[PDB]
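Sequences and hints are given; from them, build the entire structure.
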Amino acid sequence: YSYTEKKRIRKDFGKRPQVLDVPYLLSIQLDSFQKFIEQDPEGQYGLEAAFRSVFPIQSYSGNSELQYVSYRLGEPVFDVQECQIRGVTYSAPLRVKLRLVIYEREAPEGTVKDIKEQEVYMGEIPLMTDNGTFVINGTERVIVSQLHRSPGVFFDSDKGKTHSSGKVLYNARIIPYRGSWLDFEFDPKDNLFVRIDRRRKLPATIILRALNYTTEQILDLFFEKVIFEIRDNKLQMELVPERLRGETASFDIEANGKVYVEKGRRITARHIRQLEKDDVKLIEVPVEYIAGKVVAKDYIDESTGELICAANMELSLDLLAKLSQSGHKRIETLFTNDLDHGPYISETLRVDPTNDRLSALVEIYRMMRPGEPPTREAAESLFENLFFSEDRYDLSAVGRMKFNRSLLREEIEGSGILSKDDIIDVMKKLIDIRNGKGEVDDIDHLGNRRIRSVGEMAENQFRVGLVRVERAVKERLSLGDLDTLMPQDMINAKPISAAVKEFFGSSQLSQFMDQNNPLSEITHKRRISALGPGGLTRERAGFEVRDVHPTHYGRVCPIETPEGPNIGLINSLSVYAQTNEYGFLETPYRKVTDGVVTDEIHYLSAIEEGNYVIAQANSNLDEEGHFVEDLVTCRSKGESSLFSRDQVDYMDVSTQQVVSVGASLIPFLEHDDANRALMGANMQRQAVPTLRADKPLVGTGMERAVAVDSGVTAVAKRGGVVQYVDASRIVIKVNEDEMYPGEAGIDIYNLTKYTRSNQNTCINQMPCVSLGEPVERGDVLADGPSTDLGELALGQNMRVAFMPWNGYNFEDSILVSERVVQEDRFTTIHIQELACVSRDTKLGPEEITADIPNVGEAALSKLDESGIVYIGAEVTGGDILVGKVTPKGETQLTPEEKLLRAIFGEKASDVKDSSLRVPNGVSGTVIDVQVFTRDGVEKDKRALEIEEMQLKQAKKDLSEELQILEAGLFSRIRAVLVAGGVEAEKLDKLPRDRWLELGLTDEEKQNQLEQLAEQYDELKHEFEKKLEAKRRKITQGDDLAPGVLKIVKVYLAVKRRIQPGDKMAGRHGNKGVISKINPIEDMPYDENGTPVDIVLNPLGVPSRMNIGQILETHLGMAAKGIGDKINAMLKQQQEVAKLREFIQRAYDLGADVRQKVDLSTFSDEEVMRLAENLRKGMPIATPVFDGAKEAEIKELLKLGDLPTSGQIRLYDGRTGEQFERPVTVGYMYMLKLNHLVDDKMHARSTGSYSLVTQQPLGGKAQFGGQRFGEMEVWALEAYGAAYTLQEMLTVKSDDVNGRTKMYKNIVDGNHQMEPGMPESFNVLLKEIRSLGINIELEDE
Amino acid sequence: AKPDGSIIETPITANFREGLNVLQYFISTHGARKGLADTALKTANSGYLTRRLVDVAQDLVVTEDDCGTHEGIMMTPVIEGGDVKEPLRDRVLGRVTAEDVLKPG
Amino acid sequence: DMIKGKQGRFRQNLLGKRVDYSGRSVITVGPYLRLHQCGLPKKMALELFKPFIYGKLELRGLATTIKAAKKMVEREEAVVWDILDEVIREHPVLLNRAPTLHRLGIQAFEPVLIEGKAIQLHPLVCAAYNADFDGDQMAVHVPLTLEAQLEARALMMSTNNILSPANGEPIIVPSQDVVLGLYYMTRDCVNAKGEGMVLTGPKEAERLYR
DNA sequence: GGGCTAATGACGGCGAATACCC
DNA sequence: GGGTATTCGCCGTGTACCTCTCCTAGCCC
RNA sequence: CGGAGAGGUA
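Residue numbers (the authors' numbering), protein chains in the order written: chain D, 3 to 1342; chain V, 748 to 852; chain E, 329 to 538.
Honestly, the hints are just simulated from the structure, not real lab data. Where a beta carbon is used, it is the ideal one built from N, C-alpha and C, also for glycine. One or more hints might be untrue.
Taking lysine-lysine and the BS3-like style, the derived pairs with C-alpha atoms no more than 27 Å apart in a straight line are [claimed, not checked]:
id: 1; chain 1: E; residue 1: 531; chain 2: D; residue 2: 914
id: 2; chain 1: D; residue 1: 639; chain 2: V; residue 2: 749
id: 3; chain 1: D; residue 1: 161; chain 2: V; residue 2: 850
id: 4; chain 1: E; residue 1: 371; chain 2: D; residue 2: 1328
id: 5; chain 1: E; residue 1: 395; chain 2: D; residue 2: 900
id: 6; chain 1: E; residue 1: 399; chain 2: D; residue 2: 1242
id: 7; chain 1: E; residue 1: 334; chain 2: D; residue 2: 1303
id: 8; chain 1: E; residue 1: 395; chain 2: V; residue 2: 789
id: 9; chain 1: D; residue 1: 163; chain 2: V; residue 2: 850
id: 10; chain 1: E; residue 1: 399; chain 2: D; residue 2: 909
id: 11; chain 1: V; residue 1: 850; chain 2: D; residue 2: 169
id: 12; chain 1: D; residue 1: 1262; chain 2: E; residue 2: 398
id: 13; chain 1: D; residue 1: 1262; chain 2: E; residue 2: 334
id: 14; chain 1: D; residue 1: 900; chain 2: E; residue 2: 398
id: 15; chain 1: E; residue 1: 371; chain 2: D; residue 2: 1057
id: 16; chain 1: D; residue 1: 1262; chain 2: E; residue 2: 395
id: 17; chain 1: E; residue 1: 334; chain 2: D; residue 2: 909
id: 18; chain 1: D; residue 1: 1262; chain 2: E; residue 2: 370
id: 19; chain 1: E; residue 1: 521; chain 2: D; residue 2: 1303
id: 20; chain 1: E; residue 1: 334; chain 2: D; residue 2: 1306
id: 21; chain 1: V; residue 1: 832; chain 2: D; residue 2: 161
id: 22; chain 1: D; residue 1: 169; chain 2: D; residue 2: 503
Ranges of calculated distance between the beta carbons of each label pair, as one might list FRET restraints [unchecked claim]:
id: 23; chain 1: E; residue 1: 406; chain 2: D; residue 2: 1213; range: 35 to 41 Å
id: 24; chain 1: D; residue 1: 940; chain 2: E; residue 2: 406; range: 50 to 56 Å
id: 25; chain 1: D; residue 1: 543; chain 2: V; residue 2: 802; range: 18 to 24 Å
id: 26; chain 1: D; residue 1: 1207; chain 2: E; residue 2: 522; range: 55 to 61 Å
id: 27; chain 1: E; residue 1: 415; chain 2: D; residue 2: 1323; range: 31 to 37 Å
id: 28; chain 1: D; residue 1: 1316; chain 2: V; residue 2: 802; range: 28 to 34 Å
Shown next, in the form of structure tokens:
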């Protein structure tokens, strides 16, 4: 039980207890990076594996080797919060023990010298925060996990190759973790063609020729031998009964001396069975059948050894006679069949234009590299490097495992490089798949797709940096001295650090974290992007990969994916899914021993899942672990089916493990269409945090898990009693049993207050505790944004009526009461960040100051003498925030400028204005000013002030620590000084720090006084040096790009209120645009007279297939009724026990419901706290597929003394008359999306224009005109809209002369046009002429 | 439909007014995903196709009232399969006759 | 590479060929609008029709120079509101959906000034726009010369486009809400208040129901 | 400091250049 | 012989908006 | 207002 849970119990209608609790929902990121960065005792994923693969380094000559020993992660110079507020990366320095060893020169192996460069600095790697994000440029970025084809053997099907012959072909692709791909594809002629990477096709056996294989060896390896014995007449053949399953009877198949199968017949299973039961060894066959076969190897004479028969050529009567007369008895011919093993390799050899290693290598080198006259040694080196060097072709452990699994080997490991045996195995099983013995592998199967989390990508790009630095060191070791020189001298920080920074900052999977909700965070970190390097591309289409899979179940959310043109590629991980040890997605399943479904779990991988049969979380469990239904719904390969309760092998751990966190939050998900619920889950992530967070009346129960597991929640690191509560700080007096040895005193939690998260949205943490409240580790000390009492608070509960009020709510449009605006709810704080960079130019360094050339004093009135606006000033667009100035290169005045300055009295300055002005169209209050000044730049007043506030905060924290430590020390010294003679009086009469000036009789007490005095002095120096270190951290210069002196970031807070037009949507996919704010009286009212806050279109339900919102309404109306009924009980100040049975009955309502009972809480205080938190409705937890039934909602309505049918007859407050039937009224949870009409509106008439063209574009002070594309040009062309095109393309868009003339005409008081010559066509004309292609005008 | 477009053996035995089983909702998700991906893909393809069609026929404008051509096209009520699928009236409606039609007999 | 374009040569009409005197906003429903009318935000009308406001202010003597007109429009006083009423009273504007699949995807309306921050679209016309008030966002384009206004009113006004140009038959049609209201009206029962009595015309029919 | 200064997990279509049985 | 029948490149990729980064650097003078 | 990459929207 949790203390924060006691303050507000959320009623759950779940009927099966959660067997497996929801794990940490950001476990993927933390696990990946901890596997990356931790020490390794053996070669495994992480920096150790990369170093062991790249090191040791051997020079060209001199036997000078650079050997790795160990690495440690240097302690980061800054912590996460100060990294963010300083705008610098949060990175851990990497240092490595290296030894440069120079061996004997020259003699048998033996060292001469060894020099140790310990802890060499080669760069800092960004470090993952406890949340699971990375700070790169002062902002939190997330490395989105990637889904990619796992390295290994993939047998896919090539389709569409008909060529008037149809037939689907086959392809075997070899994927290494690093290196060149291998391709064995088929052709309509059943000839195997090999491609390295996507290079042009070659015959299959050519690599076998490159692999030192003769035609005899190639034929022996793949095809089966058939025996021809030189005996009798027309020769006999050793019959194989299992050799006629596909062959046709072209010869007299005899048994026991008599022909069983005649010529021209189709050999059936009956014939095969008869030949098996006859056990005939050899059969006489006609010599024509012998001639049709192909010999598997060369045959020469026995006397002179002259070749008479050779492999890869067919047999003939002349050849048979020649071998018979030369002397032979055993002829080894090839086996051919058009259904099973066929002459695919034989025809490949026949088509193969090379017959020896050198020519094959030459051709391979040529088709690798066009031109480049080839030598044998170069081709040999290239072929060995691309496939047999452990520095250019590695499969890695997962690649080797999948490679063996695809080829059906018992091994789980092996060499990272390709081998001859592996290639011949790929040949054999690809031939088998052509024969029909094998099966094509799925391409989107989650067992054939793998997760590259942050660790794998980081170590891959880091190994790339290691390869670059190893190239550099190999060059330098041979170029320079072979004698002593420290390894720190030739390892540059630029390559590795540059590669790592490029990965973490500018990759296509290193995304800015979508941070407007804890749900947004937790979905972004759990995202699975099939895009990225090594995976898909957005323009795939893709219909196969976009589609959900049967194994896509329970690993990634099927109803969570963007609606844009990347659906089915960007998934979100399921609630319980996690990455395997190799990178596959595994989902927990409860093991079913015989019938009992035990609580033990197994994380079944995608492949392992298919083998077993999985029962559903539905069909509840009675008694210990037996299903209620004898026939239970299960899934064996992805398809629903009925299976016996004694035939199951696994069952779903929970009913929420098939959806993402975003999808699991939707209540009554089993009552919405998958399309509409998918849309609603998509809009949940776009909800902007409301002004005051408030619990949803109808939730799922994942609200608490999402709030806690997200980093926006101030969670008590150590339990204790809250010593000090503040809007900015939480000081916890830690319990004595959680103390470290010695003393550590208090635990401090500084609160994030009003900070631009990532989306110009405010995130602040709300202290939900009070003084003296006992808290324990793991509870919510402060509620994060969009979180109330530790529960997710994405939107707000609102009163809703479902009826078409006067057509102001027409499609999904939404009617808002004026009371919504009265409550100042669905109101948001938006914090925009504006950065002004004072740079050092070649004309002079820019300065930040209040002195701005030729400006009014009104703008500077809010500017301090430091040049930065006050914190708290209300500012609008166009005013100055940061007073930047730039040294003017020269003072040149146009005579027109002189004329203007003479009239208007303008001044002349040698420095030009470049100050950061507020964007035209935004306003607000300055809430945070961040000053970034690197070392070597003098601090100014504002920087000193912000440093002073930071120093005061740190000093206050360390001073409270000092106070508790010195309080303990003074207590013990006073206790000692009381002993050896009572002296308790004078200590009370003197300051508590003056007890160190009081002597005592020489005893052990005096020695204790002396040692405690030196302890006091040591604590004083400890505080002094901690303060000094913090002062150094806050005072030291921060990292800036070259050339810029200072960076001043200003945060502006806008209080955006909801208004007609904002996109406001519900949980279920219910959408809408705010229609208009009609007065509260115009809104309808019920019998009690309560107006309705929100009116939704009832017409959106019978089509968009989301009636869960309707249920959300009814279950809302009950819940708020329970909130209202007790609220009246609060107003009468009734006795505590009455509230007690009321709440107990409210929570006890339901059948087979797990919520437990009171009194387990405190009799009075906790009951009162619960009632006070329950006066505004009672939270209801509704598991998505285990939620409340209709009967439960009706019961809760009845307990609320409200219409059990869920409809109360409203009175139309507009005119004041009831309707012919009651309407559906209740409380529904509405989300205010980040699609504000304020941010979406724009228009313009005249403003900015490009410097290459006169099209209107530029910034957001006045954004350019809207893009009237060719589609709308055709739309006008369909009408007789002919002039309108000419104005909207020539005079309103391009013709600058036309623009000026038409503006002058409209201003002059008429609407007339000049035809004009658009500048866009002039640009096209000029650049056509730029290529030596003439354009001219046929002058009229 | 399930992936590859075939119909699942067991249909959605329930509806929105009662609890959808986990497998039932997952199966409906395949149809929803296929529909949404299909809408996106057909949106792209239809944009490109109407682009092509505007390109080919941009120059087509009616410029003469009469041309005096006695050639034309035959209109019949389309009977494809074994039943009429569009009556003669609609296709003939709005057209201009090429020859003076007669009565059947 | 920038001779070649996708789709089409860039700066001629796509991409992108933007145009002045244009805007964009989310759309709300206005069920009080006549079929030839649209509800356009007051701020949007102000900063779209700015040259018209300048000309009218200088013609009426309310301003002496373009700078005075700029000051007057930025102050947003009540004086310029009457000027904007004058310039908007007959002047129509085109509403336009970003995915335009047919000519009815762009249509001219008479802009009716509304307080608020979003454009109001006629409920009957959304079917023509293939626009559903689910967060969809519309654009506005202002004809400037006389020829443009006349041509929009004659051809692209929604009253002139009541018939589909693809197959005949009308495209503007009561869709769901007015449909439900009408169907509710015209239903009949077997027994209710005021049954089996005789009335003269709809007058006392309205009297008796209401 | 600086003035030169240097891949496929796309897919479908299609024209050009050879490729291959009868 | 000739007509497929491949193999070798070229090419096409809805619409429009919002937000966000992130921007020739190596180097021998 | 020179150009890429990402997300979301319709």
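Here's how the hints hold up against the structure:
With a C-alpha separation of about 77 Å, the suggested pair residue 531/E and residue 914/D falls outside the 27 Å cut-off, and the hint is violated. Note on residue 639/D and residue 749/V: the hinted pairing holds, with a Cα-Cα distance of about 13 Å set against a maximum of 27 Å. This hinted pair does not check out: residue 161/D and residue 850/V have alpha carbons roughly 55 Å apart, beyond 27 Å. Using a Cα cut-off of 27 Å, the hinted pair residue 371/E and residue 1328/D is violated, with the two alpha carbons roughly 41 Å apart.
For the proposed pair residue 395/E and residue 900/D, the alpha carbon gap of about 20 Å is at most 27 Å, so the pair holds. Under the criterion of a C-alpha separation no larger than 27 Å, the hint pairing residue 399/E with residue 1242/D is consistent with the structure, at around 26 Å. As the CA atoms of residue 334/E and residue 1303/D are separated by approximately 33 Å, the hinted pair breaks the 27 Å bound. The straight-line distance between the Cα atoms of residue 395/E and residue 789/V is roughly 52 Å, outside the 27 Å bound, and the hint therefore fails.
Proximity of residue 163/D to residue 850/V is assessed by CA-CA distance (about 54 Å); at most 27 Å being required, the pair is judged violated. In summary, the hint linking residue 399/E to residue 909/D is supported, as the alpha carbons are separated by about 23 Å, within the 27 Å threshold. In summary, the hint linking residue 850/V to residue 169/D is not supported, as the alpha carbons are separated by about 55 Å, beyond the 27 Å threshold. Simply put, residue 1262/D and residue 398/E have alpha-carbon atoms about 20 Å apart, close enough for the 27 Å limit, and the pair holds.
Restraint check for residue 1262/D and residue 334/E: the C-alpha separation of about 26 Å stays at or below 27 Å, so the hint holds. For the suggested pair residue 900/D and residue 398/E, the alpha carbons sit about 24 Å apart, so the restraint of at most 27 Å is met. At most 27 Å may separate the alpha-carbon atoms for a hinted pair to count; residue 371/E and residue 1057/D meet this at roughly 19 Å. With a CA separation close to 23 Å, the supplied pair residue 1262/D and residue 395/E stays within the 27 Å bound.
At most 27 Å may separate the alpha-carbon atoms for a hinted pair to count; residue 334/E and residue 909/D exceed this at roughly 50 Å. For the hint pairing residue 1262/D with residue 370/E, the CA-to-CA distance comes to about 20 Å; that is within 27 Å, so the pair holds. At roughly 70 Å between alpha-carbon atoms, residue 521/E and residue 1303/D are farther apart than 27 Å, so this suggested pair is violated. Proposed proximity of residue 334/E and residue 1306/D is contradicted: the alpha carbons are some 36 Å apart, above 27 Å.
For the suggested pair residue 832/V and residue 161/D, the alpha carbons sit about 36 Å apart, so the restraint of at most 27 Å is broken. For the suggested pair residue 169/D and residue 503/D, the alpha carbons sit about 50 Å apart, so the restraint of at most 27 Å is broken. A hinted range of 35 to 41 Å for the beta carbons of residue 406/E and residue 1213/D is consistent with their spacing of about 38 Å. The given range of 50 to 56 Å is respected by residue 940/D and residue 406/E, whose C-beta atoms sit roughly 52 Å from each other.
The supplied range of 18 to 24 Å is met by residue 543/D and residue 802/V, whose beta-carbon atoms lie about 22 Å from each other. Residue 1207/D and residue 522/E have their C-beta atoms about 27 Å apart, which leaves the hinted 55 to 61 Å range violated. For the pair residue 415/E and residue 1323/D, the supplied restraint of 31 to 37 Å holds, since their beta-carbon distance comes to about 32 Å. A hinted range of 28 to 34 Å for the beta carbons of residue 1316/D and residue 802/V is consistent with their spacing of about 30 Å.
Checked against the numbered hints given earlier, the structure breaks hints 1, 3, 4, 7, 8, 9, 11, 17, 19, 20, 21, 22, 26 and satisfies all the rest.
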